[PDB]
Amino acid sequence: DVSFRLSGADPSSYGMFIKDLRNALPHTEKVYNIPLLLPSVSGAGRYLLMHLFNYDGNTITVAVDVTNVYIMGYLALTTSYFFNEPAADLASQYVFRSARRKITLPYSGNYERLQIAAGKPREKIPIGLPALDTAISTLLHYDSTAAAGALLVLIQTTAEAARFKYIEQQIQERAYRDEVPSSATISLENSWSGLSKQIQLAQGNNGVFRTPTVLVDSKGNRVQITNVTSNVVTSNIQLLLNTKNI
């Protein structure tokens, strides 16, 4: 398991949590020195548990699929909650089985569905450590509309930060003040699968992408990533979605 406590949290302790999260995901090989997530894991070993504690010390446990860093569900006191999707239902066969009751959320875990449920795009939802504190607190008691926004915050401040150093740094900058994600942050989130694929395809193609990936940079400028010498590949991305899952 991995843990993070909002009480006394700072950029360093958050950085340690994101390091722990990354290090808890298994891999047998690296591609261009980036860990390649496994094609599959059978049984309960597929799921990592993240223990998150809000400022008051109340906690939820979040179940994460270690092959794709997708959040499947979470436990709050004696109630488990899972996304309304086959991968999440499968996860519910292995984690939080001791919950007194299980609620299936009225949406799947993908960004478009969560944004519909929340009533707003994540362009408009502030993120940061204070927002994460709020998100944990919200998830402690069932409210499906509120939970959608909370889960958008949760996914970005955990999984997406694990996947991209830039996003981790963006949250560290929001340690004591929330701010909506940069357009670059959104671009990277939307491009993780694509980047992961092209970095793997580059292995037998002299480091060259078969298809360029279009991103937005830190200054709001759109750019094409064409090969593995790009800063996105050398410095930023920290985990690759296995092409067998793309």
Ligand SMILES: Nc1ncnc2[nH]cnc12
Second form
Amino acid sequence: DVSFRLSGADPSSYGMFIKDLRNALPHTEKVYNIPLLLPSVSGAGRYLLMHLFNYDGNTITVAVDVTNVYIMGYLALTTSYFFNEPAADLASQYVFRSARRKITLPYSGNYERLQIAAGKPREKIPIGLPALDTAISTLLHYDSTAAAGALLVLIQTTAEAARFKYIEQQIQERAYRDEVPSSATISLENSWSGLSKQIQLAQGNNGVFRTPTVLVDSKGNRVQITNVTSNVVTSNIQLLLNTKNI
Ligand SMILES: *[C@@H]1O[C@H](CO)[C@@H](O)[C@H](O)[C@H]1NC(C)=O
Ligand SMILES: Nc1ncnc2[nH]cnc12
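Output block for the form deposited with the named molecule bound, input the form solved without the named molecule:
Let's see the whole complex now, leading with the same chain.
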């Protein structure tokens, strides 16, 4: 299991949590020096438990699929919550079995359904360490609309930060003040699968992507990523979704 405490959190302790989260994901291979997530994992071993504590020290446990970094559900006091999608229903067979009741949330876990549920796109949802503290608090008491927004915050500040060093840095910049994600952040979130696939196909194609990936950069500019010498590949992406899962 991996843990993070919002109480006394700073950029350093958050960086340590994101390092722990990455290190908990199993790999047998690096591709271009980036850990390659596994095709699959059987049984309870598929699911990492992240213990998160809000500033008052209350806790939720979040279940994450170690093959794709996907949050499937969470436990808050004695109630488990899972997304309404087959992968989460499978996860519910393995995690939080001792919960007194299990609620299936009225949406799946993808960004499009979550944003509909929350009534806003994540371009308009501030993120950062204070927003994460809020999100943990919200999830402690079931409110499906409020929960969607909290889950958008929670996904971006954990899974998306583990996937991309740039996103981890964005959150570190937001240690004491929330701010909506940069469009570069949004771009990366949306491209992880695409990048993961192209970095794997570059192997046996002399490091050249079969299909270029279009991103937005820091200054807000729309760039084409065509080969593994890109900074996005060398110094940003931290984990690769296995093409067997794409
Ligand atoms: C690869 O990417 C860079 C941009 O990052 C580009 O300028 C360069 O010409 C490309 N190299 C190859 C071999 O395609
Ligand atoms: N439930 C989830 N977990 C991790 N990353 C995601 N991106 C969109 N939905 C997600």
